[PDB]
Amino acid sequence: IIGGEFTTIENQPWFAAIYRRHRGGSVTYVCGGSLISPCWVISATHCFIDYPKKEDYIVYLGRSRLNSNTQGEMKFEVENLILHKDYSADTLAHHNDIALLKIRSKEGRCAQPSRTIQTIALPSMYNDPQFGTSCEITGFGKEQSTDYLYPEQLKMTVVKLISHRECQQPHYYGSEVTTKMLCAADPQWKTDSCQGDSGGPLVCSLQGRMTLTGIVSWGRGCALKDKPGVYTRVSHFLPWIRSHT
Amino acid sequence: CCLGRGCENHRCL
Ligand SMILES: [Cl-]
Ligand SMILES: [Cl-]
Ligand SMILES: [Cl-]
Ligand code: NA
Ligand code: NA
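Chains as they are written, first to last, in my numbering: chain A, 32 to 276; chain B, 680 to 692.
Keep in mind that the hints are not guaranteed to be accurate.
Estimated spans, in silico, between C-beta atoms of each pair [stated by the list, open to error]:
{"hint": "1", "chain 1": "B", "residue 1": "691", "chain 2": "A", "residue 2": "58", "range": "16 to 26 Å"}
{"hint": "2", "chain 1": "B", "residue 1": "692", "chain 2": "A", "residue 2": "206", "range": "19 to 29 Å"}
{"hint": "3", "chain 1": "B", "residue 1": "680", "chain 2": "A", "residue 2": "163", "range": "34 to 44 Å"}
{"hint": "4", "chain 1": "A", "residue 1": "117", "chain 2": "B", "residue 2": "682", "range": "13 to 23 Å"}
Worth flagging that the hints you see were computed from the coordinates, not collected in a lab. Cβ atoms here follow ideal geometry from the backbone N, Cα and C, with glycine treated the same way.
Next comes chain A alone, as it looks inside the complex:
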């Protein structure tokens, strides 16, 4: 997250931190995700498409820090790594960029709700906030485009939904943006998602319910004028989520 604020997991207790274990035995951060039921985390297919083996991954819930343990956290293996069969446009403007991870601890269990671990509601079908609505995004992604390191402490920021008409202007993203995507940005372009935030939640309040409106998916640069963040539009994927869960 460019700009924004630091936070802890109590302010986004559905947030899942997803890592991969390598050949060396070294473990590196991959992407965010959101807990949508005790055994399921939703994320983005592009985070896994090049390395689809479930055994390679570790998921934490209740975690506020990237490389240090948070009290109360829970650690899981990935029992099933479900990528969307219609994923495409890996080069940039990813289509169908949504993934499910069925989580299972060493003891064979799923998430146990606590002050730091909670599920987030899914939207009802085709039911998104109007453009101009302020929503929040959360992640461990870079704080500056030029940074080499990811922040050790979780971050959040506020972005506003942009109309599909605005986002599809040639000087924004043209036809790269589809009806199954949402754009969001800051009016000054000073805060945004960045590398390492993918898979994480765009949460908006509808009729008083915090709802997983989007999944961080793609964008050119970070916090650049006329280049919003682009998010998988969860409200267009409910049959796919339902049928894989």
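Got chain A sorted already, so can you dock chain B with the ligands onto it with the hints?
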């Protein structure tokens, strides 16, 4: 190979 911010955990780009 993958351009922009959505390219974590990629073999290339
Ligand atoms: Cl499609
Ligand atoms: Cl949009
Ligand atoms: Cl770029
Ligand atoms: Na905490
Ligand atoms: Na479940």
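Outcome of the hint check:
1. 691(B) x 58(A): 16 to 26 Å: 22 Å, holds
2. 692(B) x 206(A): 19 to 29 Å: Holds, since residue 692(B) and residue 206(A) (Cβ atoms, about 22 Å apart) stay within the stated range.
3. 680(B) x 163(A): 34 to 44 Å: The hint (34 to 44 Å, Cβ to Cβ) holds, given that residue 680(B) and residue 163(A) are roughly 35 Å apart.
4. 117(A) x 682(B): 13 to 23 Å: Since the Cβ atoms of residue 117(A) and residue 682(B) sit about 21 Å apart, the hinted range of 13 to 23 Å holds.
Of the numbered hints stated above, none is contradicted by the structure.
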